[PDB]
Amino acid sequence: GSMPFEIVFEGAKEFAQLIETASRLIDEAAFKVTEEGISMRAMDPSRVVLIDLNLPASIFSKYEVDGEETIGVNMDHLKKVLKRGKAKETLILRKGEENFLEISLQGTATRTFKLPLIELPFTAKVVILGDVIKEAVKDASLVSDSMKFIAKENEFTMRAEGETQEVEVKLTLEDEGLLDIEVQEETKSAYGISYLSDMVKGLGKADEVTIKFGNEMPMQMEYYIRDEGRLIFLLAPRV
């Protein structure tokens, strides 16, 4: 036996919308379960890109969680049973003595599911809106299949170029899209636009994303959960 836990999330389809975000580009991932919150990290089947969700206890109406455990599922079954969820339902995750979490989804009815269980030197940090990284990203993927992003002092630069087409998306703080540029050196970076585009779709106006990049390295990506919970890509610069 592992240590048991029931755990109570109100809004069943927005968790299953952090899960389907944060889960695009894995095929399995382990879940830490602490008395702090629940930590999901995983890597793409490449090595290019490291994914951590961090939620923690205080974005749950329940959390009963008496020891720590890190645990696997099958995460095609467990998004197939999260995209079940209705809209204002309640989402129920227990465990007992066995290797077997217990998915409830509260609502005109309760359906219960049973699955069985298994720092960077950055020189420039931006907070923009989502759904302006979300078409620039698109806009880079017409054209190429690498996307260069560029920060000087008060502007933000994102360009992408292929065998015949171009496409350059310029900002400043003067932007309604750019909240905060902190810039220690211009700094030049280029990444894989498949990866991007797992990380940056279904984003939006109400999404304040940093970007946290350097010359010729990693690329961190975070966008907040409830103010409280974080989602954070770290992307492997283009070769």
Given for the second form:
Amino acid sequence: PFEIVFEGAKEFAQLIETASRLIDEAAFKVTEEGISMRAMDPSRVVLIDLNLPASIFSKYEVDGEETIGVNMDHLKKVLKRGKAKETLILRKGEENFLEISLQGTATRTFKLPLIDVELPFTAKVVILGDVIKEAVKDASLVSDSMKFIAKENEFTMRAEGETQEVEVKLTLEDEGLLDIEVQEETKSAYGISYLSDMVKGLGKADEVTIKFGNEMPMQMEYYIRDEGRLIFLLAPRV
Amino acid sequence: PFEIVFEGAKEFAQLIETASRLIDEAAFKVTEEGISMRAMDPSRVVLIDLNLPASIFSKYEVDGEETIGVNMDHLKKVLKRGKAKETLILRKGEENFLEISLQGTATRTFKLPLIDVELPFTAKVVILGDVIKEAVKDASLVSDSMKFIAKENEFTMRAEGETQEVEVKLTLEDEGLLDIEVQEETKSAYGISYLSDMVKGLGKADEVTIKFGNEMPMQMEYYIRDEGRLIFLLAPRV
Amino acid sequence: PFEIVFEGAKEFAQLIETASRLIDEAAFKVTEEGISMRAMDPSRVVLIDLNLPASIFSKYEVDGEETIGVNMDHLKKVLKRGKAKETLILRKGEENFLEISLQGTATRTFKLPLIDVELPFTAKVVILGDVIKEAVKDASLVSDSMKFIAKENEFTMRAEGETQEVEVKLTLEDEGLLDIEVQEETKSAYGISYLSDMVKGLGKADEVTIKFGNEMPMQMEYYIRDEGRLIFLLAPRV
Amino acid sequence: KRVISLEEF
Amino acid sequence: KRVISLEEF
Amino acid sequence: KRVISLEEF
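To complete the pair, please output the form deposited with its partner chain bound; the form deposited without its partner chain was given just before.
Full assembly next; the chain just shown is listed first.
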């Protein structure tokens, strides 16, 4: 029996369109704290954790706790309909339905059925959103995978194919590395198909945190508004 | 033996690109009044009436009356070539040809052959161009048809599919309903494929008039410049 | 053993993306003068000559002369990665590799292998870049070829199909003809597929020079920065 | 659901 | 090259 | 109509 209102609806569609890109279905836990989504792609190689806390909503009226499951494709398509300055209202009554309304020149409400639900990091790097979006796209031109290498005071992503090779160095001098913290030399490789979905839509002004371990999974983290967060856990190669 | 000049040629291409979207061929009646196009799609479900009166042209030299028929695809493609601030000149000599010229940095003239030619409304609603463009696009996500319902002081478009449903209410309070005038409760349903062609390219500032009757055809009307007009008659469902 | 730095990298990608559009491979002669590319498409109907002289680079360190051959597709794709305000550095060591680096928020370096290497004009017209880009695109709507006709003080491109016809006149009055110089009446016809590649991406402010002879090849010339130049030799029809 | 024609009006 | 699963961590 | 080659010029 909840009523949840988010300003900047196009923004809200974006976050969900990320989460839609790797998983086909998802659970939304609504609670008086906030909204949570936790989920793994079909092949259990990536894990998504979305936390959207009460503060980022203009109205947040939850009564207890329940768990919405939705067709993420049909949700993606409804949420894409929101304009940038329009208001998003999410609503749930007794009936198994999500009411989504967008308000602008006129208010439109869409009803969508509910469906059935269901680390010792060596290196930590902070990096602007553009740098990593660019490296992933650069690397895709030459290979299906990208290596991450962190020595003390210097951070490298590199990929190699048959003929061609790519490498992007950053030291603390480099303009889009905010921070690096590595205990020991750290080297790991990750598939580009997943990285592309993870970093698609990351502005110059977006601080992205990445924690990695020698041949172990990457944790990528960036914030939604101030309070909310998205974390991606990605299993590595070999 | 006519010479007709329209400023804002990209604008002129737009109107014709509408009319092109549902019919494959069309008649243009040139007269000293203005230009007229009247035509029905292959399956006689929609009827287009375009009236472009002399005043909207910067030069309008007609000698009597004749009737041009053109391949609307080839006309669409030539008219698309006009820039937004460029001048359109239409011309016809004795020979079966339409001279179309666009003038800018240089003048280009295209010759296209002529081919062979060939209600008791309960509710009337006025509505901004964005609202209806949005409702049609919203409705297409859930069904192949949209319902229009008009009670006194309130106007609804709704559509329903197997799983999902959409509804857009407007009362006179709602920001993009200018006017509503309904004698009795009025309910009718129309195919979305036709509505999409009808409303594709309708600004926020475009007053669109819609007249409908219980299980009877919709009349949709909006203006070209001030004097000119486009009216679409659309047969309903069931 | 060279190091070559060009400002405005997106610009540099553009010029190469032209040259890529008709040829599959190309030779780059690096010398202390500048960089040269000379090449003919598979069917020996067009000939490209690119001259990029030292002055247009912010740093130009060449040691003698060598000749790079590259996969133009893989080069096109790497060069497309440059942003508009980013700096391009080209580099060659002893190993058969081209180092391409783009610098912005972070520096990215791509290594690409080297591969194996390999008129009595009547009329001369100067013309703005938009006019000819438009004429070619206009002409493509009606035919696979375009005629160029030059009499004294007047310049025409025309094309004709089965049904429809196009013609674009310019005299020295016409706003985008800068200059015309014709010894005698000159008429020649050229395929549109090649012309489209040649003129794709030509601003209003781009002086394009064209030299032609009765049933003989066209020479099209326009400048890169001030010092550098691109010349296309195109064999004619019939 | 049943799409008719304009001719009957 | 060998893509493993998250389950083993 | 007849497309020739550059070689003959």
